[PDB]
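Have a look below at one chain only, the form deposited in one PDB entry, in structure tokens format.
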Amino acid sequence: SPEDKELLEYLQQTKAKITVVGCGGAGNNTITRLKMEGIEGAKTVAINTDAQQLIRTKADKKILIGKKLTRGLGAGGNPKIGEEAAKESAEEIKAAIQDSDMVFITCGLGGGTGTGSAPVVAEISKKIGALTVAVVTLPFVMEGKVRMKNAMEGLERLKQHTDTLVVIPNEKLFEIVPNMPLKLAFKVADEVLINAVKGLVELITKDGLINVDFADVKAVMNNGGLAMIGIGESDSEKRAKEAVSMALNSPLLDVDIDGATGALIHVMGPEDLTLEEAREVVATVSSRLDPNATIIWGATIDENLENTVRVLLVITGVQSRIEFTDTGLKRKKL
């Protein structure tokens, strides 16, 4: 029977179905790059309340949300509209992430479409029973108080309908290249973003020097509460050791990780990458979290990655370590 045959086939699926949804201009901007630089095994869905941005975007599926609310003309920086536009198009959004086993909601918090629609796309995803993960940034302080109070509130809302929520405070990007002209500001942030997102998807989707079990990912990530990134990499010949300290020290991991469970580690390096450098990476890390943290890791080889090995680090469940003030992420004072 065509139903039995279909059933049989189902059992043969070997790969997890990952869909990436970018919201608003920045999120669409991100989707456009993954769609070009390629995002190993993942479909891209861009959703915007602004038709012009949506149109100049490159994605697998485009959805103009808020068609009656907005008119294809933007949400004017208003999270309330981003939200209704998304609520108004729930069906359509859900129909795009419907078959995904895992869904990543990415965007720049602070605007109206992203800040308002991300929590909506997230709650819709959770309903269809998918692994809901958000890799989202916080505005630069230069952008002002209203942009951040809005970003904060969005983060809070996004917290409730998210399995794991990865926050990247653009402000620390300045702790990485101190005298950056706002120009690069958003170009650096663009980079960090595409890394955090691609680093995570491939860690789960790209064949490495280890089989990384989606069932494990789902296990851990199912409870990443509030996670934070760490990126590091060494040109030198003591790579692993330097790439993981860089990472463990990135100003992006702006949190006290001592009391942290779960972690996802992706070491990427050239063909001369060793399962041992990977392990070095993993233990230097394991050595700093709760003694029982569940750690997911993988190791992939990157063509264009010269003599270097990057080390993406996603430390989860740090929400008790942080303070959600409507002025930003404040490292908790107990």
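Positions refer to the first chain, counted from 1. Shifts are known only where both forms have a C-alpha. Rigid core here is just the name for the largest C-alpha set that superposes within 1.5 Å across the two forms. Compared with the form deposited in another entry:
In sequence order, there is only one run of at least 3 consecutive residues whose Cα atoms each shift by 2 Å or more between the two forms, relative to the superposed core, and it is 1-15.
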Given for the second form:
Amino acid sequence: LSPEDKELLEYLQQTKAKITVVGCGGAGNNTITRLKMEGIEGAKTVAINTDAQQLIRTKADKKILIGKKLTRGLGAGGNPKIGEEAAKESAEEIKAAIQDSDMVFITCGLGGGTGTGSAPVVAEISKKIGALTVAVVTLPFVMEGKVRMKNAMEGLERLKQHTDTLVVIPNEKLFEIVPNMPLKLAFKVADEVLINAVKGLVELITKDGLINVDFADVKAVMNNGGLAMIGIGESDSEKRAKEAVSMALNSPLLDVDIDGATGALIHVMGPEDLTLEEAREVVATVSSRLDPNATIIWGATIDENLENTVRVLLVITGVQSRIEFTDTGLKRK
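Since we've got the form deposited in one PDB entry here, give me the form deposited in another entry too.
Shown below: the chain alone.
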């Protein structure tokens, strides 16, 4: 290299795109374990919990037992205030774990005491250290009771204050995607949706695909993404891409009017035969549903184990104006 280049290269050393995924509580730890095992690209995994038992069986690059003094390696018994206090007690440890992150993804299942209470604290620390802060959480199933939903919605309001983009997945809508879903599989299905949303979002940024995804562009869209919801579709039919995206756009997970969306993140995943043209069609389709002024970030990657199905992850941002937060859940205005 040359003097100019050598300098630049060194610059590239300091600069980067450090991404960290933080799973709080049992549901959050379960998600992290999966990401670590199946291997998530270009991202560090961090699991935190008050419950030492759940944490020890979890798998991640780093684990943080929060609230030692407060809970003594025990769970929060459903009390969000314990999770919040616990996270505060361990702020320094959490800070050390996500310290040099350019972007932090916070994931958990809202409704319990740990995830609900600590997620907002992790988010506050994430922004204070200057990282693009994104949350991807789930709301509980109706069958879990109103207390769990209230605590979740309150935690959702608190989280909303400290995140740059808050992606919310309504577990209850999973029953609209698979009507005859056996209760014993309800959480195994939610698990699948959570992983696809988080891994899908993370890899859209870190995984090499048929087209480059610029981190700066991702920042611009998510810096003020506000409240976001997802849509998931997949098809192996003649018009794989067309059907997949149609499924995503009509997904019950995307429970809101999207015409008033400020932006979107689109991740097209398919087998080795996936072309840029299919991905283009997915994006073209989505763009016609959103405001003509919305910013759309998209990518297309190859998923080794897909065979001949194309999957589409959609993330519509800035829909807070079309949603209302109630103690019973999210309601479309």
